[PDB]
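A.B. asks: Chain by chain, the residues run as shown.
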Amino acid sequence: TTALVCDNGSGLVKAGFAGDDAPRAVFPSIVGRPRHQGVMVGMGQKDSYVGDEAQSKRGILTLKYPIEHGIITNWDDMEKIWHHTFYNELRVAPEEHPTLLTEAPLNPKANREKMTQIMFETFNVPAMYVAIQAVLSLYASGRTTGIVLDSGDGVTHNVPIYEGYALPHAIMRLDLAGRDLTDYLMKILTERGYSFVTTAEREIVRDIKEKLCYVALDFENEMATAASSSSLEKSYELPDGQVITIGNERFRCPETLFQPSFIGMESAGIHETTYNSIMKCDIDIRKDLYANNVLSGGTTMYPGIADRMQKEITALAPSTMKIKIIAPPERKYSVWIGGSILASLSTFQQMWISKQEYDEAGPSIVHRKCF
Amino acid sequence: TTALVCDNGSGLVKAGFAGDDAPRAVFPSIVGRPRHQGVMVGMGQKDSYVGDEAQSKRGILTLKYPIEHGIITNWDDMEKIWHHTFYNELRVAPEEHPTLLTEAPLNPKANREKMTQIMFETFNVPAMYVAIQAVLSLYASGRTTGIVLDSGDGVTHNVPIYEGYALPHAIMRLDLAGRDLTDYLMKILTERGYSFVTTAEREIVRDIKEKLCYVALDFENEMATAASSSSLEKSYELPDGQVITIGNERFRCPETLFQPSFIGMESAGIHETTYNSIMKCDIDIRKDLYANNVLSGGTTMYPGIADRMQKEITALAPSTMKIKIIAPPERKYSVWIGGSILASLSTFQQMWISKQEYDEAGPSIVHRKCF
Amino acid sequence: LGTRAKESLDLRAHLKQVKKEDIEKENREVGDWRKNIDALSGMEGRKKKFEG
Ligand SMILES: Nc1ncnc2c1ncn2[C@@H]1O[C@H](COP(=O)(O)OP(=O)(O)O)[C@@H](O)[C@H]1O
Ligand SMILES: Nc1ncnc2c1ncn2[C@@H]1O[C@H](COP(=O)(O)OP(=O)(O)O)[C@@H](O)[C@H]1O
Ligand SMILES: [Mg+2]
Ligand SMILES: [Mg+2]
Numbered sequence: 005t006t007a008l009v010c011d012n013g014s015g016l017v018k019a020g021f022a023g024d025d026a027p028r029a030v031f032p033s034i035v036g037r038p039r040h041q042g043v044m045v046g047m048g049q050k051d052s053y054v055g056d057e058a059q060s061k062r063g064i065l066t067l068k069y070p071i072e073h074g075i076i077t078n079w080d081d082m083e084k085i086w087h088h089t090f091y092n093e094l095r096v097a098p099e100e101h102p103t104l105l106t107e108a109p110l111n112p113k114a115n116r117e118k119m120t121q122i123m124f125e126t127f128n129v130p131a132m133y134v135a136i137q138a139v140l141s142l143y144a145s146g147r148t149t150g151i152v153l154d155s156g157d158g159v160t161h162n163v164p165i166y167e168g169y170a171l172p173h174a175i176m177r178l179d180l181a182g183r184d185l186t187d188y189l190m191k192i193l194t195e196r197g198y199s200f201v202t203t204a205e206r207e208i209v210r211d212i213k214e215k216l217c218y219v220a221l222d223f224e225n226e227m228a229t230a231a232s233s234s235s236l237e238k239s240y241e242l243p244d245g246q247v248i249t250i251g252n253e254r255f256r257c258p259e260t261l262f263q264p265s266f267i268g269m270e271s272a273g274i275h276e277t278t279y280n281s282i283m284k285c286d287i288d289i290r291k292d293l294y295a296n297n298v299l300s301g302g303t304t305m306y307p308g309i310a311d312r313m314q315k316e317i318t319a320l321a322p323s324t325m326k327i328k329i330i331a332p333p334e335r336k337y338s339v340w341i342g343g344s345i346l347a348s349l350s351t352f353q354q355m356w357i358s359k360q361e362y363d364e365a366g367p368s369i370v371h372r373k374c375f
Numbered sequence: 005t006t007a008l009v010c011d012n013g014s015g016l017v018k019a020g021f022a023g024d025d026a027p028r029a030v031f032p033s034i035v036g037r038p039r040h041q042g043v044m045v046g047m048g049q050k051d052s053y054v055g056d057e058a059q060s061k062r063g064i065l066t067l068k069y070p071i072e073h074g075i076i077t078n079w080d081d082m083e084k085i086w087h088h089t090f091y092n093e094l095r096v097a098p099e100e101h102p103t104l105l106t107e108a109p110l111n112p113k114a115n116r117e118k119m120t121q122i123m124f125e126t127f128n129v130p131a132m133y134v135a136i137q138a139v140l141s142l143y144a145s146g147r148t149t150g151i152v153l154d155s156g157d158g159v160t161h162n163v164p165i166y167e168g169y170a171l172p173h174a175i176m177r178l179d180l181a182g183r184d185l186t187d188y189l190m191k192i193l194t195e196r197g198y199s200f201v202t203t204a205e206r207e208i209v210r211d212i213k214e215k216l217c218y219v220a221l222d223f224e225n226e227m228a229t230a231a232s233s234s235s236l237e238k239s240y241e242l243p244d245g246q247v248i249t250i251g252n253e254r255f256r257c258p259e260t261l262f263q264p265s266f267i268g269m270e271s272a273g274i275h276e277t278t279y280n281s282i283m284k285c286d287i288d289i290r291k292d293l294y295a296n297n298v299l300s301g302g303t304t305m306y307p308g309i310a311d312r313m314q315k316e317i318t319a320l321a322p323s324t325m326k327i328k329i330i331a332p333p334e335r336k337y338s339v340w341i342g343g344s345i346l347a348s349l350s351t352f353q354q355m356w357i358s359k360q361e362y363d364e365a366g367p368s369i370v371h372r373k374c375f
Numbered sequence: 160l161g162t163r164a165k166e167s168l169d170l171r172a173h174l175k176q177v178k179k180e181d182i183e184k185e186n187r188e189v190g191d192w193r194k195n196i197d198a199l200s201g202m203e204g205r206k207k208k209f210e211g
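Residue numbers (the entry's author numbering), protein chains in the order written: chain D, 5 to 375; chain E, 5 to 375; chain H, 160 to 211.
Isolated chain D (complex conformation):
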């Protein structure tokens, strides 16, 4: 039979059968209970709208993501999300399909063990396998080397790989991602008068960020230009009218990636953690990693980031090496495409964690040889 390549993510759940080009169903991972009282009788009001249904009734719900930073903080809601994904968005019972979840690097063990225990006890799948979210993104590019920066919505991690041999001592995981950029944008919008507070209006700020923000090639020059002319002010129409005008908030929101001091984080930007991740590698594979830097994940879709990052790394790196940044147009679904490719391989067909194996060793089987 065919395998189910699910990809929990944090912000958008992407799923679909193995062997295709794009995920079959992509929908936000939010579960929102209603918060008001409700007076109409017999309206058929449910107790929790999940997935894309709660992005249409969000006016009277309190949306809450079940995955904070890679890790899962609310297991009941995550179980509800998985149940919805299997039964309503794909309509395939899990009793007859292997599953291939994905997990960020350096995550707590208990999260992974609980994930496999749920998949084997509640949904009762035949066999499931958990894979690191960066190796898949490297599969999708058709490479076999390269250092991949997978800046998702929950957590940004940077896994270097050479000739198929991952370097476990050079993984640099940073917890700045799309959600913190949404919060920072929502916080700097208040400097013009627009106040978004409700958890429903966070979605509106996210839409503003997606449609308007861009990464500046040079920050100081853009700050000077936006403060003199008015060629940058782009307007946007809220879900009820009252258009708003975003000035130099456009390139200040995604600039937080390269200067995490804006949101008070100490660490260095995504332009310098990649160079540090390279320098921890051996001295003889640094040229190949320099030449095959891969971008993935949703947050790396800002217009103009593949040039800013290349300029920064070229500034840091030695002058002789060639710096090349691979930015495929299908960046958002790169991890899932790689997952489909991996699940479609014949050599991989014996790596699944078969159910009888789980019955013999318990949920701690995932840390064992079947990784």
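Accuracy of the hints is not assured; some may be wrong.
[Unchecked claim] Some chain H residues close to chain E (C-beta under 10 Å, calculated; not the full set): (1) 184; (2) 186; (3) 189; (4) 193.
Since the hints were derived computationally from the structure, they do not count as laboratory data. The beta-carbon is built from N, C-alpha and C at its ideal position, and this holds for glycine as well.
Guided by the hints, dock chains E and H with the ligands onto chain D, whose structure is given.
C.D. replies: For chains E and H with the ligands alone, kept in the frame of chain D given last:
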């Protein structure tokens, strides 16, 4: 058995069995004791004529409404009105019929508790339920969202509802209604020479208001036109002859709705309390409320109000949203039609306040789960 | 998109049912009563008693 859908109102009591299209008996709610001496013996003169009987002998009575502004100020008279409604206008003993009263929002608790205590002790009904007068008017329109402006004769209230979830923090109750318009019309008629003082002549002024007054689309232009031409002066024949001619009093009486400063009230008109009630709602359900504005209640029957209100709200609201005002031709009985629909539902059949429940918790049961 | 749009109409179908089918509970109230005439035949009394 069938349920009795009574609707106390203030000015017209509307009642009838559940499941029909129109109330069976509609009659003014006035109780008038005779005031003169009376010399004929054996004429069979009663001590209080209630309902529609006192609108024919009103020449020698002192009519007094038992409901001032939604609240009930004279419980003995209200009990008399209910007794008349049950026994003479419907001729069904209340011992064998559930009842569904209606109550304005934000009313004193003691009024509701006394109402249920009367219905359970004096008339001894099997089970009664109290419902907010605006949710029913929303039922009758066949919608499930929308903000309903129910401008009755006692009190005008504006309850917004979305997807069946009422928003309790956005109810704007204003005490200007048809009765104050009658008093203001009676007060401005004195500018031509016609003096109505007796409580019986208030009914004549009410008839004048119903048959002649209309809401102007633009107030200043109408004031200028009525002061130059004479195309507006419509005449009306009193109950004894001596026709009267109403000039620019025609559109000045119902204009008080949009400018409550005429009768000295501070608050804003019904055109601006609706917009304020909308703006208190969440930012994502404002478009739906804009598109589904519902009118109900008797006082919204003035010819030309559904255009003036739309013009005013379109002036206030953002230019992109579409403003639509639902004004069904059966406006007056909208609340009662909705009450019939609600009482006819199967899902609602277990929400009644059964008598044994009242015996166990006292009259304060109404504020509890059985709302 | 078609199924999502059709969902709203399916939900509104119940509201339409509640609005329409329920009015059939009773509609004979339009029938008026007798209000008969006398044709100068209902005059069978004198000015004897008026209190009763
Ligand atoms: N076109 C875009 N432009 C800018 N940011 C985007 C765009 N699309 C998605 N994002 C950001 O990326 C996030 C989605 O990232 P995604 O790759 O789905 O995370 P995950 O790894 O959990 O699947 C969204 O929250 C949004 O903030
Ligand atoms: N055709 C009409 N035109 C103008 N005003 C009307 C008309 N019919 C009723 N009204 C006003 O509405 C009042 C009746 O309102 P109603 O809806 O019966 O109040 P309630 O909510 O107490 O039932 C009357 O007092 C009258 O002033
Ligand atoms: Mg991801
Ligand atoms: Mg009313």
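A.B. asks: Provide an ascending list of the numbers of those earlier hints which the structure does not satisfy.
C.D. replies: Hint check: 4 fails alone, others pass.
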